[PDB]
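A.B. asks: The lines below spell out each chain.
Protein chains: 2
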Amino acid sequence: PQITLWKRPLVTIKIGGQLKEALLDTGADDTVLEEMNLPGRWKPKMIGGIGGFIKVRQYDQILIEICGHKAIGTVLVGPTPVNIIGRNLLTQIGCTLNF
Amino acid sequence: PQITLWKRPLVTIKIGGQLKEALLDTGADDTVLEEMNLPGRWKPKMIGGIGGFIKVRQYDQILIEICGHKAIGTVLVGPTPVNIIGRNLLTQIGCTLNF
Ligand SMILES: CCC(CC)CN(C[C@@H](O)[C@H](Cc1ccccc1)NC(=O)O[C@H]1CO[C@H]2OCC[C@H]21)S(=O)(=O)c1ccc(CO)cc1
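Going down the list, the protein sequences come from chains G and X.
Quick note on numbering: UniProt numbering labels position 23 of the first sequence as 23, and the sequence is numbered without any gaps.
Quick note on numbering: UniProt numbering labels position 68 of the second sequence as 68, and the sequence is numbered without any gaps.
Be careful, since some hints might not be right.
You can't tell identical chains apart in this list, so a pair holds if it fits in one copy or across any two.
[As the list claims (entries may be wrong)] Listed below are the simulated BS3-like cross-link pairs for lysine-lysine, each with C-alpha atoms no more than 25 angstroms apart in a straight line: (1) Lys14 - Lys70; (2) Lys70 - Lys7; (3) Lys14 - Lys45; (4) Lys7 - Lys55; (5) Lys45 - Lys20; (6) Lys14 - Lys55; (7) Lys43 - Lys20.
Simulated from the structure, these hints should not be mistaken for laboratory data.
Just chain G, same shape as in the assembly:
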């Protein structure tokens, strides 16, 4: 689809078998989701945003479906204000900016 930006680009995602809402975020290198239980091993990591750095759980090679488009990649879980889909998965679904 073509998505205009007069509203937040929110989409439904499916991860770990559960549906959630997420923000398509071209300003995020990484995908960061709010606290949730995910299967598989994880490693502690740190990521920095506009307000400072937070600790996250890094899940590698996680299956995640974004508006019916499949992606498999790194998902960070931690105290983010909003579920964000970052460029590491936006590239996998073929997302581009156009003007």
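Following the hints, put chain X with the ligand in place on chain G, whose structure we already have.
C.D. replies: Here is chain X with the ligand on its own, set in the frame of chain G:
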């Protein structure tokens, strides 16, 4: 143009008579620029993201030229680590997401 997301979507902008590099950020409601001395009146504001909040100065009706496309609207100024072009100006230059 069409911008892929393999790398950060940085473009050259013109504001207050200065050329800068800024992110085309669909995850940002409003535009936020690194510290700079703009003239005119402003209003204090706090904006939040990963890591917490920063204090910024809100200027209204600021002209920014993004890759030759003119846009005028709210520009926040504060200690952000990156210049961020948010949706309030992305819509004005005709920017869309596509996949
Ligand atoms: C509330 C939703 C977003 C935060 C969750 C909003 N952000 C824009 C986002 O694109 C930032 C923009 C950004 C980019 C680099 C450094 C600071 C902020 N990217 C970001 O935080 O990505 C992190 C995950 O991937 C990594 O790679 C970049 C940092 C990490 S934000 O910078 O905090 C922000 C911007 C403008 C406003 C005013 O409307 C309010 C918040």
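A.B. asks: How do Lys70 and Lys7 come out at 25 angstroms by Cα distance, when the copy is not named: within, between, both, or neither?
C.D. replies: both (24 angstroms within a copy, 20 angstroms between copies)
A.B. asks: Between copies, within a copy, both or neither: which fits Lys14 and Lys70 at Cα up to 25 angstroms?
C.D. replies: Answer is within: at 9 angstroms inside a copy they meet the 25 angstroms cutoff, but 38 angstroms across does not.
A.B. asks: State whether the alpha carbon distance between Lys7 and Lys55 is at most 25 angstroms within one copy, between copies, both, or neither.
C.D. replies: between (28 angstroms within a copy, 24 angstroms between copies)
A.B. asks: Please sort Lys14 with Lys45 into within, between, both or neither, judging by C-alpha distance up to 25 angstroms.
C.D. replies: Within one copy only: 23 angstroms inside, 35 angstroms across.
A.B. asks: Is it within, between, both or neither when you check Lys43 against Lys20 at 25 angstroms Cα-Cα?
C.D. replies: within (23 angstroms within a copy, 35 angstroms between copies)
A.B. asks: For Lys45 and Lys20, with the copy left unspecified, which applies at a CA distance of at most 25 angstroms: within, between, both, or neither?
C.D. replies: For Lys45 and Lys20, only the intra-copy Cα distance (23 angstroms) is at most 25 angstroms; the inter-copy one is 30 angstroms.
A.B. asks: Using 25 angstroms as the alpha carbon limit, work out where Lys14 and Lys55 are close: within a copy, between copies, both or neither.
C.D. replies: For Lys14 and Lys55, only the intra-copy Cα distance (23 angstroms) is at most 25 angstroms; the inter-copy one is 35 angstroms.
Consistency with the previously given hints is maintained throughout, with no hint failing.
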